[PDB]
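Only one chain is included here, represented as structure tokens and corresponding to the form deposited without the named molecule.
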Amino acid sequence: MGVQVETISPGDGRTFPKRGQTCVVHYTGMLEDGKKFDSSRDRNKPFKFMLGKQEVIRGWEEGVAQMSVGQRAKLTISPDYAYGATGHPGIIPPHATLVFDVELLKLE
């Protein structure tokens, strides 16, 4: 499958990221069993990426583009939109479905 976006808290419902904009997000990344492997919240510093430059997994590019500013959403991402068959040794196993809790704080 692709990426599924499920709302946790609504945003403004009007402002969606366009290609080339910088998205400022807080996120927590979990394996499908619920094990956390990465979180900007634990570092207390938001994560920024430019939409359309493939600095993040494909599931993020397509998923965050469906969020409005201020929204918190749960992204469920199949391995082809993620780290695939290879995964990431010792962090992400092969063929891993990933779950992301993502809050879109602002656009720059």
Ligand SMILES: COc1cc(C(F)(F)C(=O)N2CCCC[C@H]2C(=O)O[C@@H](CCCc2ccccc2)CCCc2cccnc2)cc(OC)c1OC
Given for the second form:
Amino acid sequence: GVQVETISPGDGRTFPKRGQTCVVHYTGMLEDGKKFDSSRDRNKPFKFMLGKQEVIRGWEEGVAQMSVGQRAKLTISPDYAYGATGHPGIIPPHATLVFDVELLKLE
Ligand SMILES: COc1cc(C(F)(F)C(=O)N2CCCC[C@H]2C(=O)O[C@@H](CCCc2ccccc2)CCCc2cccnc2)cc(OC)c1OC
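Output the form deposited with the named molecule bound next; the form deposited without the named molecule has already been displayed.
What follows is the whole complex; the chain from before opens it.
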């Protein structure tokens, strides 16, 4: 599944609701410690809407547990990410993913 470990606290009262757009910055790393992506490196905050099946399960459920301003480490098992397939070119087969995520604001 997905384990959420807080790095820095959010406001503790503003959690994402389906229908809201979450705006975040993240760095994604594999088990071997290699970075597979960073919105910070691309200088482009990642935005997604809960309940629209637009992100992996680990994100859908993990980012949901975060309050605005929170920074947390999400550790996602392959069944909650890309499974056996992975995503050739960025994520290998059966990969456990670790995302350092910061919930900036809700739009
Ligand atoms: C799957 O392909 C990508 C995955 C990432 C990723 F590794 F960071 C990643 O794994 N995610 C992106 C940030 C949110 C969490 C996760 C993700 O959900 O990506 C989805 C979409 C984001 C891809 C993207 C990210 C940033 C810029 C453009 C596109 C994958 C779409 C497939 C899917 C899975 C489950 C349900 N519905 C759809 C970054 C990418 O580009 C920067 C990707 O496309 C080139």
